[PDB]
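Chemist: Keeping the supplied structure of chain A fixed, place chains B, C, D and E upon it in accordance with the hints.
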Amino acid sequence: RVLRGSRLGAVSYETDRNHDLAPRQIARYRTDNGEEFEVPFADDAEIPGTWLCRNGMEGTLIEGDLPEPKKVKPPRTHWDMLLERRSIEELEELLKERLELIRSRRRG
Amino acid sequence: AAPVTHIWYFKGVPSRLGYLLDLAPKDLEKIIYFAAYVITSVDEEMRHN
Amino acid sequence: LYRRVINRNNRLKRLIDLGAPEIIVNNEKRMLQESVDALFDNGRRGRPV
Amino acid sequence: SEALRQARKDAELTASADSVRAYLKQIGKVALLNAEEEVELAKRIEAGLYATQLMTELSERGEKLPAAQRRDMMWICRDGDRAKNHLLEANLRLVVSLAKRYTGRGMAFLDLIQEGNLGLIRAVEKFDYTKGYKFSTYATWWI
Amino acid sequence: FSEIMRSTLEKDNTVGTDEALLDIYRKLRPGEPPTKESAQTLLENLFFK
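Protein sequences appear in the order of chains A, B, C, D and E.
In terms of the authors' numbering, the first sequence opens at residue 4 and continues consecutively.
In terms of the authors' numbering, the second sequence opens at residue 98 and continues consecutively.
In terms of the authors' numbering, the third sequence opens at residue 343 and continues consecutively.
In terms of the authors' numbering, the fourth sequence opens at residue 209 and continues consecutively.
In terms of the authors' numbering, the fifth sequence opens at residue 254 and continues consecutively.
So here's chain A without its partners, still in its complex pose:
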């Protein structure tokens, strides 16, 4: 009849030692729209330049050590869906067709 469950999280029991801790660093991260966030890192820790801040947008490191900006590609354009299946000469034929069309529409 009795039923139990478990929140999947460890419950450890030590004392809240306020005095003796691992010493730590503080790194200032800045987002795009002039927002400052200071993140407590450890001493023995490399400080990453890029960061997802408390703001939720991307926040960079306040010293300009220049992480790599994009190094990526655009996914696929509608131009790419067109160009992978058509000819540029064909598109030129359609363009000159529509140009002569707006010609015949506009001045006679």
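In case anyone wonders, no lab produced these hints; they're calculated from the structure.
There could be a bad hint or two in this list.
Unchecked claim - Below 30 Å or equal to it, Euclidean Cα-Cα: the simulated DSS-like pairs (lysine-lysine) are:
| no. | chain 1 | residue 1 | chain 2 | residue 2 |
| --- | --- | --- | --- | --- |
| 1 | D | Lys334 | A | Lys74 |
| 2 | C | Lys371 | D | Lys334 |
| 3 | C | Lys355 | D | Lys272 |
| 4 | C | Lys371 | D | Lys237 |
| 5 | D | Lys334 | D | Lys308 |
| 6 | D | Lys272 | A | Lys99 |
Modeler: Using the frame of chain A, we list chains B, C, D and E on its own:
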């Protein structure tokens, strides 16, 4: 990505948004549920001259 | 309810970043509004989810 | 005779609390299309894509723009999106008619409608007319 | 034999079968275009089928 009205100022009694704007609630529902456009500003002196 | 809100938010965001015709945009906005309405008080307006 | 018309057009506005009903009455406005119209819209879209690609290779120090030629090639560029959105609004009803038979399980109905709309956007991107078939056959896959 | 039914028969305000059928269809199915033939059959379906 888009603004949202809190429902407690719209669908109570009386309509708090309806009193604050002095509009009909049965027309405000056509505003916020995208059933009706509404003019929010106008240049009166430009039309006037 | 939170999953409905997050899904409709991301769908709206991708529609805006794509560029979408008007009816689908206002549809997704109204669905987002009703999602937040169901999040706060289900059954306050219309039909309870 | 006007009593039945006033009843059918007045009972719909009072009872309108359904967003689904609102969307159906929304999509009932734009008329359907046929084959040669779809071919012409596809041509206008592809003309707009090649026009904005010509503007793209322009966008460097390509050429000083002739004036009337510039304004009507930008007309071509902007006009293809009108054909695109017109075809989208046309086949919204196809999206609804395909999506209607997957309901009652998993998700809500309007969410399925919007995802089918996004698939229709993908199909109207990758649609070819030169194979000479109906748009619905090729779009049903993506939907 | 009753002024009850005679008062209701003078409060008829609709003389004719199809007008009564479409009034019933209006009050039964509101949000629906009327047809005079299905109104007689749906009533025949709802009580006799």
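Chemist: All hints are to be evaluated individually against the structure, with a verdict given for each.
Modeler: Cross-check of the supplied hints:
1. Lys334/D x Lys74/A: Given that 30 Å is the threshold and the Cα spacing comes to 27 Å, the pair holds.
2. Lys371/C x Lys334/D: 27 Å, holds
3. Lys355/C x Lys272/D: It is violated: about 37 Å lies between the C-alpha atoms, which goes past 30 Å.
4. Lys371/C x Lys237/D: 20 Å, holds
5. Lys334/D x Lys308/D: 24 Å, holds
6. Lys272/D x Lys99/A: 20 Å, holds
Hint violations for this structure: number 3 only, all remaining hints satisfied.
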